[PDB]
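First comes one chain, alone, set out as structure tokens in the form solved without the named molecule.
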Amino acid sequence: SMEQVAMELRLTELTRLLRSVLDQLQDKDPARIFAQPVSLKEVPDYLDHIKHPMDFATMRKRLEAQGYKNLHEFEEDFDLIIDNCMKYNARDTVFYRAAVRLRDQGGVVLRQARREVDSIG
């Protein structure tokens, strides 16, 4: 149907906008602490601690399969990156502090993205 295609064009445009959002958030992690999944080889107990791991590469695969239906879903995954890190690592660690900084800096980007998603439909 023509409706199905119009829907698909909106998903595609959302995917375009989320890709740019993703790039901007990832620039706020110049150390690449959140680039890749936590290694189960190097942290064998990780899944005893963290039930839903997340990282920027895993978000990027979902993105390019057009697997985010709305900004809320995308934000949930971004928040997992931050929240997982702040639970697993202590406050006095480079990792915890990197999450805080990403959260604070990401807030600005996400604030405007929400306006753009509402605005452009």
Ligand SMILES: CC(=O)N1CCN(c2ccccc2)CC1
Contents of the next structure:
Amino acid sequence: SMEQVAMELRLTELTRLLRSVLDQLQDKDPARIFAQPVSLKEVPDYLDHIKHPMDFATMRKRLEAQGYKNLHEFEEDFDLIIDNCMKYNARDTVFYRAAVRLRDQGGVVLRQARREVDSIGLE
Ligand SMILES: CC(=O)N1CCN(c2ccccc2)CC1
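Same protein, different form: I have the form solved without the named molecule, so give me the form solved in complex with the named molecule.
Next comes the full complex, and the chain you just saw is listed first.
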């Protein structure tokens, strides 16, 4: 149907926006601490601690499969990256502090993204 095509154009446009948002957020992780899944070879007990791991590469995979239907779903995954890190790692670690900085800086990008998604009506 034409409606289904219209919907898919919207989703494709959302994906384009979210890809821009994702690139901006990853730029706030210059140390690339959140670039890849935590290695279960390097941290064998990780899944005892963290029940829903997340990272930028996993997000990108979901993104390119157009698996984010709305900004909220994307934000949930970004929040998982930060929140998992701030639980597993203690306050006085380079890992925890990197998550705090990414959260604070990322907030700026997500604030405007929400306005853009609302404005261009992508949901
Ligand atoms: C995202 C996060 O929480 N990290 C980064 C990956 N980690 C790690 C530990 C040992 C060797 C290599 C990497 C654990 C802390």
